[PDB]
Every structure is written in C-alpha cells, then in structure tokens.
Amino acid sequence: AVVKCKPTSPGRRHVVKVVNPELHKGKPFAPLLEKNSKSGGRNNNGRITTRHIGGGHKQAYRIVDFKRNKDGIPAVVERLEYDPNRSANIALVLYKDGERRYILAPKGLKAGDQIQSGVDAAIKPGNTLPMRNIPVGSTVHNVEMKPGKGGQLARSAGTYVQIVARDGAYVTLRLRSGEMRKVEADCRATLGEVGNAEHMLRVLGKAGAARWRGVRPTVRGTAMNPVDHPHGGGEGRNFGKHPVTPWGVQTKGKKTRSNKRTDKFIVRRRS
Amino acid sequence: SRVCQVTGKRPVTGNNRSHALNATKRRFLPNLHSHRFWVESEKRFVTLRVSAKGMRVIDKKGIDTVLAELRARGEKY
Amino acid sequence: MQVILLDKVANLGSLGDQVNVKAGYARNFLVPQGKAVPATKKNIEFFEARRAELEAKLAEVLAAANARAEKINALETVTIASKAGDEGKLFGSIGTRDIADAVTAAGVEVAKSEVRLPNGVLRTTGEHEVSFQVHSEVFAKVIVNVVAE
Amino acid sequence: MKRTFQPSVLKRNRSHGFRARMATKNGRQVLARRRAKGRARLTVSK
Amino acid sequence: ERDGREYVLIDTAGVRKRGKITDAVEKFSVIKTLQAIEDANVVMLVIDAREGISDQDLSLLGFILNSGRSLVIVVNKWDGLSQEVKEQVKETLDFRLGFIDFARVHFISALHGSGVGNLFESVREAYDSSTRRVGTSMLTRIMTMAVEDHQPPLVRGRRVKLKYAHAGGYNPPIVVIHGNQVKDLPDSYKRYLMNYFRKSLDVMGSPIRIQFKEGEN
RNA sequence: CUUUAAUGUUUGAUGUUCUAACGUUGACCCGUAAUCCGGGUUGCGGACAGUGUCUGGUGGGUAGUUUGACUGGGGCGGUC
RNA sequence: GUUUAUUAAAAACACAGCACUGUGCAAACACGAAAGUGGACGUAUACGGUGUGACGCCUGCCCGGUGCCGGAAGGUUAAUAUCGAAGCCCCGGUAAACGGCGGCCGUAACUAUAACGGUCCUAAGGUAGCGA
RNA sequence: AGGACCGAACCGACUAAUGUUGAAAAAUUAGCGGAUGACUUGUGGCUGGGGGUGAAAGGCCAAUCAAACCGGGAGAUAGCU
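In order, the protein sequence lines correspond to chains C, 0, H, 6 and X.
Here the first sequence is numbered in the deposited numbering, starting from 1 and rising by one per residue.
Here the second sequence is numbered in the deposited numbering, starting from 1 and rising by one per residue.
Here the third sequence is numbered in the deposited numbering, starting from 1 and rising by one per residue.
Here the fourth sequence is numbered in the deposited numbering, starting from 1 and rising by one per residue.
Here the fifth sequence is numbered in the deposited numbering, starting from 246 and rising by one per residue.
Be a bit skeptical, because a hint or two may be false.
[Claimed, not checked] In silico SDA-like cross-links for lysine to any residue, where the CA-CA straight-line distance does not exceed 25 Å:
no., chain 1, residue 1, chain 2, residue 2
1, H, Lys8, H, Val121
2, X, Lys331, X, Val361
3, C, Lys241, X, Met439
4, C, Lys146, H, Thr104
5, 0, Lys53, H, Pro38
6, C, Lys182, C, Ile163
7, H, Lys57, 0, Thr65
Keep in mind that the hints were calculated from the coordinates and are not lab data.
Can you build the whole structure from these sequences, using the hints too?
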C-alpha cells in the first residue's frame with residue numbers, strides 16, 4: 001500500500017512509494033524461473049529503433065503461462081510474489097494434481113484460496129472460464145481472441161473489461177477505453193481482475209528511479225538542430241512554421257489504422 | 001522468389017517517368033503468387049510459385065504438363 | 001476454362017453440358033471434384049464417346065448426392081447416406097453418427113454443437129432416427145426420421 | 001590524454017583475422033589483390 | 246454591380262468558368278485577376294476545407310498582400326465537412342503567415358448559405374478602417390511613442406532622425422515619413438514602425454503602407 | 001430527329017448468404033525425445049484481405065538545380 | 001544532474017512531476033525493399049509519441065436535451081399578389097446558458113463590494129489567488 | 001536511509017599561472033568540483049558513412065569530420081592565378 005517518504009533530502013522529496021510486505025522477501029521458485037535479456041532494446045541489426053528503451057536494473061523472467069490448464073483436480077494459493085514482469089503481482093499455486101505452477105494472480109487472494117480451472121467452475125472470483133458460460137455483465141480480464149491462444153489483453157493491474165453481450169456465437173466486451181469489440185464464442189478471460197490499484201500513485205520521482213527503470217532520457221527533439229531530424233524549431237527557437245514530422249504530415253491528432261481486419265470486431269472505437 | 005518457374009520472371013528494370021522525362025529507374029514486379037495446384041496424378045497439392053499470366057498458361061496446357069516440366073527444367077517439383 | 005461436365009446434373013449445367021465457366025470456379029470446384037472434366041477439341045471427342053458409359057454407369061448411385069446435399073447445407077436434419085439414397089429409404093444404423101462421420105459444408109456445423117451420447121443414435125430400420133439438438137449442453141431432443149433419397 | 005595507440009594482440013587479430021578475411025568475398029577480393037601485388041605479410045598478424 | 250457595389254468572378258476552370266472562352270492557356274485568366282486587383286478596394290478569397298490552401302493558393306494569399314487590397318476570407322461549401330473539423334489548423338497555418346486584417350472567416354455554402362449576412366457585414370467594417378480619414382497629426386503623435394520605446398536603428402555610429410509622417414492617401418492607407426536615408430533603415434524596422442501604427446489605431450482593413458524619403462542627410 | 005414508353009435485353013452496382021480459392025502470429029499430430037520450417041488434422045476467418053499491374057490525389061521527407069545585368073563599392077533604388 | 005574530447009559549463013541540454021495525443025495486439029510504431037526483427041516473452045493504471053518543466057500560488061467555459069445567436073434554403077408566425085421573407089425553430093455557430101467560475105441594486109453592521117433574487121444576457125455570479 | 005555533507009583514491013576539469021621553434025600534437029604548476037551513485041573502471045564484444053550514434057553542440061565517430069578514410073571515374077572540370 002501507499003507510504004509517503006519523509007523528506008530528509010531533495011532527492012527524497014518527491015519519492016512516493018508502495019511497499020509489498022504481504023509477499024515474502026527473498027528468492028522465489030527457481031525451477032519456474034528463467035533469464036532476463038537486454039539488448040538496449042536494439043533491433044535484429046541492433047539499432048536504436050524506438051528510442052529510449054533499454055537499461056534498468058537486471059530483473060529476471062519467470063516461466064509462466066495463463067492458459068489455466070492441468071484443470072483436473074483443483075489447486076490452492078500458496079503465496080503471491082512480486083516480479084517486475086508486470087505491473088501487478090503474480091502467485092504460486094499448489095495443485096491437488098500435485099502440480100505446482102504460478103498464476104497471474106488476481107486481487108481477491110489471501111493464500112490457501114480455492115482454485116479450480118475446471119470448466120464447470122465454482123464461479124470463484126479470479127477464476128477462469130471460457131466466455132460462453134459466463135454470467136451476464138461479468139467483469140473478466142485475460143482476454144484472448146482466438147480460443148486458447150492465452151490472454152494477452154488485460155493482464156495488468158486493475159485492467160478489466162465488462163461483458164456487454166454474449167449473443168449468438170461471439171461475445172462483445174467493453175475494452176478499457178470505452179471500446180466495444182467482439183471476441184469469439186468460446187474464448188476465455190478470467191473472472192474479475194488483479195488489483196495493484198495503487199501503483200498508479202507510485203512514481204519514478206527522480207532520475208535515479210528512472211535509471212533503475214531503464215528510461216534513458218526522452219530527448220527533446222524539438223530544441224535540436226533541425227538538420228538531422230525536423231519538426232519545429234531553429235537556432236532562434238522561432239515559431240510561425242508548418243509543423244509536420246519527417247514523414248511530411250502530422251502524427252498528433254491524426255488517426256491511424258493499418259489493420260483492415262479488426263474493424264470487423266470493432267463496434268464502437270477506442271478513446 | 002518472385003519467379004514463375006514456367007513463364008520466367010523476376011522484377012525487370014524501370015523508371016518512374018514524367019513528361020519531364022527525368023532520369024531514375026525502379027524495376028517492376030510481376031503478379032505472381034504461390035497458388036496451391038492439385039496435381040491429381042498423385043492426388044496431392046504441389047504448391048508452386050507462379051505468374052498470373054502463367055496461371056492461365058498452366059491451365060490451358062494442364063496440370064501435368066507444367067508438372068511434366070520442372071523435372072525437365074531440373075528444379076524443385 | 002471450359003469443360004464438359006461429368007456431373008449428372010448440377011444446379012446450372014447438367015448431363016454432359018459442355019460450357020465455358022469462370023476460371024476461379026472451374027479449376028477449384030467443377031474440377032477437381034468430378035463434376036467436370038476439361039474441354040479441348042481433343043477432350044470433347046474422347047468425352048462424347050466416354051459419357052454414354054461414364055455419366056450413366058457412375059451416375060446412377062449419385063442421385064443420392066443431390067438429395068442428401070440439402071440436409072448438410074442446413075445441418076438441421078443432418079442426413080447423408082452411408083449406403084442408401086439409392087437403395088430406398090435411409091435405413092439401418094448406417095448413415096451419420098454410428099461412426100461419428102457425416103459430411104460438413106465447411107467444418108462449421110450444427111451436428112456436433114454438443115457431444116454427450118453414450119453409443120450415438122440410429123438403431124431403427126426402414127427409416128433412420130437422427131438426433132436433432134434443442135440446446136448446446138442439454139439433449140432433450142426432438143428426434144426426426146427424415147430420409148433424402 | 002590517451003593516445004591513438006592502444007595495445008592488445010588479441011583485439012588486433014580479431015579485428016581482422018586471416019580466416020575471417022578468408023571468409024567474406026569482398027575482403028578476400030582484397031586478399032588476393034594484395035597477394036597478387038606480392039606482399040609476404042598478407043594479414044599482418046603472424 | 247448590384248446595389249451599385251461591384252463583385253468579380255475569376256481564375257480559369259473549376260471556378261465554374263465554362264464561359265464564352267478567351268484563355269487558351271493558364272495565362273489570360275491571370276490577366277483578369279490582375280484586373281480584379283485594379284478595380285478593388287476589397288478582395289474576397291474563397292478557399293475550400295477539402296482542397297483549399299494548395300500550394301498555388303498559399304502563393305495566391307502572398308500575392309494578395311501585393312495586391313494591396315482588403316482580405317476577407319471565405320470558406321464555401323462548408324456544411325458538408327466532418328464534425329471534428331480538419332480545419333482550425335488550416336486557419337492557423339494561414340493565421341501565422343499571417344495577415345493582420347479582421348479575417349473574417351466565413352463558413353457558407355452556395356448550396357445552403359449560412360455566412361451570407363456575415364460576409365456582407367464584414368466587408369463594410371473592413372472598408373471603414375481601410376478608408377479612415379488620415380492626417381499628418383495622428384501619425385506623428387503615435388510614432389513618437391514607438392521610436393522612444395524601441396529605438397530607431399543607428400547606422401555607422403551616426404544616429405538617424407525621424408521627424409514627421411503624413412498621409413499620401415488613405416484608401417489603401419499609405420504614409421511617407423521624412424527621416425534618414427532608405428538603407429539606413431532595414432525594411433524590417435519600417436515594418437516595425439508600420440505595425441505599430443497598424444496596432445495603435447484599428448485596421449481591420451488591408452495592410453497599410455509606409456514610406457521613407459531623405460533630404461536631411 | 002427531339003421526346004417517350006412498352007418490350008426484348010445487355011451490363012454494373014448495392015443487399016444477403018455460402019465455401020472452394022485465399023488468410024489463419026488457433027490447437028494438436030508428425031519428419032525431429034527442434035520456440036525455425038515443412039506436411040497433415042481440426043477450429044476460426046473468407047472471396048475477403050492483401051498483393052501485382054495500371055491509375056488519381058498527396059508528398060521539402062528525399063533529388064537535381066534555378067534566383068540577370070547596368071551599377072561612381074554593391075545590395076538598396078531606380079533602370080533596361 | 002549532463003555537456004561543446006583537442007577555445008566556449010551555462011541561463012544551454014537533462015530531470016521528476018504535469019499535460020496532450022495516438023495506439024486493442026498480427027498494436028501503434030520502428031528498422032529492414034521483404035523475409036525477418038525490434039516494440040514485448042509485455043498488454044491501455046500500458047505502450048508509443050509528442051510536449052511542458054520541481055514545488056506552491058494565479059479561477060482552465062460541456063451544443064446534446066431545451067433554449068439562444070446570426071443567417072438563409074425551409075419550418076413557424078402574416079396578407080391569403082399564392083409564393084410568406086422579417087422575430088424564433090432549423091442550418092451552422094452558441095455554456096461569462098438551466099446549472100459550478102462578474103458587475104450594478106438591497107442585504108453577511110462606514111451604507112457601497114455580496115452567498116439569494118431583481119437588473120445587462122434564459123451569465124453562473126469576487127467563493128480561489130490577490131487588497132489603497 | 002539517502003542522486004546525504006567534508007574529503008583521499010579514481011575520474012572530471014572551474015580560477016590563475018606557465019608554456020606557446022614546449023619537457024609535452026593541450027601537459028605541467030598551483031589552487032578547485034564530484035566522489036555510492038544520473039558513479040567509476042577493466043576485459044571482451046557489437047551498432048558504419050548521405051550512415052550510425054547523439055541526456056543535442058549541427059557534437060562525436062582512428063590524431064582528420066558543416067560531411068570519414070580510401071579507391072576509381074579522372075591527364076576531372078576551372079572564361080581563373
């Protein structure tokens with residue numbers, strides 16, 4: 001939860017932080033762990049492609065999946081754990097299958113909670129099913145769009161979507177946006193959501209914070225020498241010119257849509 | 001590639017052109033697509049990359065005549 | 001291109017109708033399916049002699065295919081012949097689900113919109129009882145005895 | 001301040017190693033060029 | 246003329262010039278628009294919101310500045326445009342070039358009419374300012390402020406001297422100020438002092454003109 | 001002939017549904033106790049999409065260059 | 001904090017915070033004729049872009065409903081030279097509209113400033129910041 | 001605890017001074033800044049020229065950089081000395 005830094009320095013004057021004491025402190029489960037990778041973000045032919053990405057800290061990936069499987073004989077929540085692999089918190093479950101696996105891990109958890117990936121469902125908050133057996137108006141997260149592809153939409157803190165209708169084949173849901181989109185008739189998404197609805201108030205706070213967050217300066221184009229990249233500006237820092245990007249035409253308050261294949265699922269556009 | 005395997009293709013030399021009649025060059029891609037032909041003579045598909053002049057050409061002569069060649073052109077069936 | 005049909009009857013074109021057709025229908029539906037053979041001023045001569053045999057001797061247990069076809073285009077009264085449609089009414093256990101094989105239109109079907117049954121259905125004679133779903137997870141049924149001769 | 005001359009046998013050699021220069025047609029078009037020009041050091045990494 | 250007051254129709258095709266014919270090429274029509282300049286004390290620029298401000302068109306506004314006649318800016322066939330208009334920015338790019346006048350934007354159609362009154366009105370207001378009764382006194386008095394405030398330029402360690410302005414006509418307002426030599430000012434300071442006058446006494450009208458004569462040095 | 005039907009038509013649009021090209025960064029089986037690929041099965045999309053040609057609009061982002069001369073220094077101006 | 005290595009250390013550049021936009025994953029976007037790759041083993045509390053520059057303090061004005069404002073083309077109100085244009089709907093445009101963010105009059109005690117209404121407009125109405 | 005204070009190492013270079021055919025293709029001499037992090041550094045490795053890269057100066061990219069270096073085109077071309 002929230003904790004405010006007491007100022008003893010500027011450089012600790014606007015550091016807003018949120019502690020995580022309801023997780024263990026120390027190593028986690030290595031046999032479900034895997035390396036990180038850093039490449040400054042850089043391309044196949046390593047290049048600065050999408051600027052600013054890279055650095056950070058070190059961090060580590062964790063071998064995971066949210067396809068709610070080995071459905072069989074249910075699990076229970078063993079612990080939750082922080083990981084910098086999401087803006088949330090993930091959690092180990094232990095199955096009665098005698099399986100051991102991590103899950104994305106919703107808000108409602110308090111350890112030892114009952115889990116079943118069984119399609120009958122105990123309609124338990126945080127539990128998954130394919131949306132064709134949902135309740136009407138249900139709140140769901142881990143929206144896929146091909147059946148069993150594995151969620152790829154809505155797997156962040158407090159992200160969810162409300163089911164608007166399920167009529168005939170296909171289910172229309174409201175993306176967090178105010179976007180109505182229809183995913184398929186079977187397709188999953190997990191009841192409710194994962195919280196961490198407070199790390200919104202967590203800050204970088206300073207450059208040191210941003211340095212361990214791998215944010216390498218978003219370097220202001222606009223007061224550069226326009227020669228190698230243009231936009232506005234000059235040596236005189238003058239205005240009263242035709243503002244466009246290097247593609248010769250504006251990018252700020254211009255639509256885009258290069259996916260003439262997903263209009264068909266879209267009912268009412270994003271905001 | 002970008003070649004018919006029959007008709008004989010590859011992009012071939014160009015230029016944008018203007019009544020100005022400026023100088024630049026650009027090549028020119030044919031209209032080929034890999035289309036899933038049904039051999040029938042072993043009753044399988046041997047999907048080949050083919051022109052769209054060629055698509056016609058294959059048809060007019062028939063499957064195993066394009067596919068008579070390839071072997072006679074010493075190349076992947 | 002152009003073909004002489006092999007097809008007995010077909011919804012346009014029938015019974016050794018030599019006609020030209022769309023290229024995109026002809027090469028990927030009229031052939032290779034047996035519903036046509038390419039035409040050439042060579043082929044037509046071969047074919048003309050051949051069809052007094054072929055579009056008769058083949059085309060005589062095929063009357064079934066045009067009839068049964070309706071039943072699989074809807075999938076409301078899922079009916080095909082396993083051996084039948086040319087032997088009187090569709091009878092025996094033989095037909096659809098007793099091997100769990102029935103032809104689909106395009107794999108999008110209403111003939112496996114639920115699965116639940118312990119040894120399938122069909123087990124009468126002189127008619128053939130199909131199960132005609134009333135839901136997608138309850139099988140309260142409305143079984144019919146359609147035939148498609 | 002430092003100087004343009006930096007040390008290392010290692011780095012020197014795997015800037016251009018003989019084989020690596022025998023292993024890309026263009027800087028082998030070169031190898032041959034010089035070789036025909038008759039220079040008994042070649043690589044300069046003996 | 247209707248209501249005695251003169252209207253012109255101009256350019257070459259698309260204008261809905263389909264007339265008796267007379268401009269074999271792109272040229273002759275231009276001979277006409279230059280007539281359109283001669284006759285004005287007001288010019289109206291129609292621009293579209295969906296083909297307006299073309300390259301030729303922005304040059305056309307630049308030209309207008311030469312034309313020395315009052316600019317009133319019309320946008321016609323503007324009831325069919327999209328609800329989020331494209332077009333504030335289109336107004337902004339022309340605004341920044343920039344035309345100190347009074348605008349006044351019109352969004353009409355010839356196939357509806359909305360702007361119809363507002364166009365009639367705008368021209369009159371623009372004409373009053375343009376045609377304003379002027380007068381050596383006013384000009385001299387506001388001028389003093391300007392030069393005191395921001396400094397007449399110095400040239401070759403010798404400071405210049407301004408000493409009166411008078412009006413050489415008013416209809417497109419011209420003034421001729423007798424000070425130091427032509428090159429002793431840059432065109433810019435001329436314009437600075439001009440812009441000042443354009444500011445301190447309203448000119449919703451046309452650009453105003455400034456001159457400099459020498460005799461004292 | 002202007003004009004106007006009635007009729008023969010001829011053809012293109014929209015509308016809807018389909019599947020069989022085609023797509024499938026769904027799921028599985030398989031060469032192969034290989035995140036590549038290939039083939040096959042099935043699920044989903046679907047005559048679309050996308051691309052090739054042709055073709056209209058846009059395009060200082062990129063490209064080649066153009067911007068006189070007279071001149072009591074030039075540019076200024078004015079002038080040819 | 002960072003920086004013009006081999007003139008110039010800053011007020012420059014950066015920066016948290018803030019603001020705005022664009023993007024629903026086969027993402028935007030970016031590189032790479034493309035294949036592929038990066039973006040991301042991520043997933044709108046984000047991601048990308050852009051932009052402003054701690055912090056505190058200076059009040060940032062929604063067009064839909066219905067109304068209003070200008071205008072014509074119509075509607076509506078007219079004569080009934082029918083057509084019906086003027087004022088109003090509508091078309092556009094309009095929230096210093098109802099309703100949250102001014103005056104002026106009475107009134108929170110030197111009247112006067114005024115939370116309520118009247119009055120200018122179918123303006124909330126000096127509440128914030130700040131006072132000779 | 002901390003982009004915490006002072007301050008060696010190590011890195012950086014604000015004042016001055018000196019050198020300026022040096023001792024030195026930017027050091028020395030003498031004060032001086034930061035110094036547990038937006039740190040510092042090794043080793044190795046990788047981003048390549050109309051190109052990178054760039055906490056951005058039109059910097060820097062092999063002593064060279066408002067267009068590398070090198071080869072060729074090319075005895076360029078030059079109403080000019």
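Quiz item: Has the given pair, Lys182 (chain C) with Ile163 (chain C), been kept, meaning a C-alpha gap of at most 25 Å?
Solution: Given that 25 Å is the threshold and the Cα spacing comes to 10 Å, the pair holds.
Quiz item: Within a Cα-Cα threshold of 25 Å, do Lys8 (chain H) and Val121 (chain H) meet the stated pairing?
Solution: It is violated: about 33 Å lies between the C-alpha atoms, which goes past 25 Å.
Quiz item: Within 25 Å, alpha carbon to alpha carbon, are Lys53 (chain 0) and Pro38 (chain H)?
Solution: holds (19 Å)
Self-check item: Distance restraint between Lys57 (chain H) and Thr65 (chain 0), which requires alpha-carbon spacing of 25 Å or less
Solution: This hinted pair is violated, its Cα atoms lying about 30 Å apart.
Exercise. Take a quick look at whether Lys331 (chain X) and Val361 (chain X) sit within 25 Å of each other, Cα to Cα.
Key: With Cα atoms ~22 Å apart, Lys331 (chain X) and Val361 (chain X) stay inside 25 Å; holds.
Quiz item: Are the Cα positions of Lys146 (chain C) and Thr104 (chain H) separated by 25 Å at most?
Solution: holds (22 Å)
Quiz item: Within 25 Å, alpha carbon to alpha carbon, are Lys241 (chain C) and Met439 (chain X)?
Solution: Holds: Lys241 (chain C) and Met439 (chain X) sit about 23 Å apart, inside 25 Å.
Hint compliance for this structure: hints 1, 7 are broken, all remaining hints hold.
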